[PDB]
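Note that this complex is displayed minus one protein chain, with the remaining chains in position.
Chain nomenclature is as follows: A, B and C, assigned in order of appearance, with residue numbering initiated at 1 for each chain independently.
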């Protein structure tokens, strides 16, 4: 259960 | 020519 | 403001140098200075602002999670009492994190959102408002946790309503908003089914619009779609 992925800094 | 390696923080 | 004497263009130039140097605290201070000049931000400038603060708060969130985990272990049965230091230092990092979120929310409220009329700028800023209330919600435990969560929800919802009316389903801003709102539902709002539904519908509607895109836009859109898919794989 790793944390959900949000939008990374691109 | 990368810089010489000094002692890393362990 | 310590950046009040520096030219707007010089602040932007230095934010780009700070990004190359991975000096994200400097980058954020430069971009705060640029926002405080009072002019609206271009697309590139909005992205510099976002990158800077996302990196700063990202380091704080990672540190807070390490310290919170140690604190929670210290409060299990059989754990030796170590005094107030773990709580104190977690509180220190938490307060600094809340300060950064309050700074970003303050820039959005004074006066980026009210001047943002185009869909791309308004959706970008409302998503940002949702994000930084979400980061406040991650550490909130008191009387205002429910109000913080509703503030995040409200900002995301307004952004969603604009994005659905004004942007194609593949628009990268729209996709990144839907991604982060789905993370809000899963990780903050105890609504995994809403998270999954949102991520699935977003993915499918983007898939059906990819045929309209150039090769470069197709790459932009599918990169974010992959994150939706990664989460759906984690969640189901």
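By our rule, a contact is a pair of C-beta atoms (placed from the backbone, for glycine too) under 8 Å apart; a residue touches a chain by one contact, two chains touch by 3 or more.
Novice: Mind listing the chain B residues that contact the chain we can't see here?
Specialist: Residues 2-10 of chain B touch the chain absent from view.
Novice: What does the interface between chain C and the hidden chain look like in terms of residue numbers?
Specialist: Counting over the whole complex, chain C touches the hidden chain at residues 10, 13-14, 17-18, 20-23, 26, 59, 62-63, 66-67, 70, 82-83, 85-86, 88-89, 92-93.
As a convention for this text, only the chains that are shown with their structure count from here on.
Novice: If you average the CA atoms of chain A and of chain B, how many Å lie between those two points?
Specialist: Taking the average C-alpha coordinate of chain A and of chain B, the gap between them is 32 Å.
Novice: Centre to centre, by mean C-alpha position, how many angstrom separate chain A and chain C?
Specialist: 11
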